[PDB]
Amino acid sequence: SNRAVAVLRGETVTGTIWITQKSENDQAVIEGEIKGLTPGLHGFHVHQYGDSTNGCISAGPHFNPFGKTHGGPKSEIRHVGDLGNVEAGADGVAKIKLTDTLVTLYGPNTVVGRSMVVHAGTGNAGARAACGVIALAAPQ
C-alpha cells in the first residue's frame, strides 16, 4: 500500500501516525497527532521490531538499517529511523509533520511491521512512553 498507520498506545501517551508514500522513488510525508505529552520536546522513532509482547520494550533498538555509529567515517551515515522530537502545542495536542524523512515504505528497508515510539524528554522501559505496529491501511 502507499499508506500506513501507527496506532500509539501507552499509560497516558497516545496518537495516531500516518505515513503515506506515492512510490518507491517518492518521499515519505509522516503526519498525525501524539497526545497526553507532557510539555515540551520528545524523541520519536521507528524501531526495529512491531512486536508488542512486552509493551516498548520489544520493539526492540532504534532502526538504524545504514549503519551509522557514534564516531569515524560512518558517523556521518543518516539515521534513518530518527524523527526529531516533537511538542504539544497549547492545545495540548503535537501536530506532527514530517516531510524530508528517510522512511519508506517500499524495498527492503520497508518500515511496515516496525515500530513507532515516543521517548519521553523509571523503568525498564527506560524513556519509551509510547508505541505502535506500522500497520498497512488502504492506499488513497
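Numbering follows the first chain given and starts at 1. Take the two forms, find the largest set of C-alpha atoms that superpose within 1.5 Å, and that set is the rigid core. What changes on going to the form deposited in another entry:
Of the residues listed here (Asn54, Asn85, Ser75, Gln27), only one shifts its CA by 2 angstroms or more between the two forms after fitting on the rigid core, and it is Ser75.
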Second form
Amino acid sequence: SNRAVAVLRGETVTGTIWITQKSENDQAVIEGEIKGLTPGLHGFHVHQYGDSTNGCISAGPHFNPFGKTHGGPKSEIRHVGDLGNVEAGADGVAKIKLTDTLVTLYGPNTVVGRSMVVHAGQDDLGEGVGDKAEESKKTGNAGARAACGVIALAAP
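Could you give the coordinates for the form deposited in another entry, as opposed to the form deposited in one PDB entry above?
There are no partners or other molecules in what follows, just the one chain.
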C-alpha cells in the first residue's frame, strides 16, 4: 500500500489530509480535517504543483493530466484534482472523508509532490452559467486560496 499526507498551511486556515491507497488498482481514500474556515462550503482540489515559494499562488491550476474541463467529483467530465466542496461546521472545522477513482499515489499521474488547496468560496462544480460560465469550467469560481500543502510521501 501507499500513503501520503498534506499539511495545509495558510494565514488563518490550517489542516492535515491523509491519502491512503491499497494498490494501484484501488481507489484513493482521502481523509482529515481543516480548521479556521468560515461555516459553509469550500472548494477543495489537488493543484498541479507543490511549490510554496509564493504561498498558494505557486501551486498553479487544478491538476489536469487528461485535459478536461472543471467539474465536481461525480461529474463525467472533471479534472483529476476536482474533489468538490468540503463543509465547515459552526466551529470552523471541516471533517473530510472521500474516495476518488482518478486521484492516485501510483504511476505517472501520481499526485505525490503536488498540492492540496482549500478555497475561501464554494466550488460551483463546473455548472456555472452566464458571465460565470467561462471561469466555472476552469476553477468552479471557488475564489481565493485559503491554505495549501504539499502532498508528501508517508510510511505505509
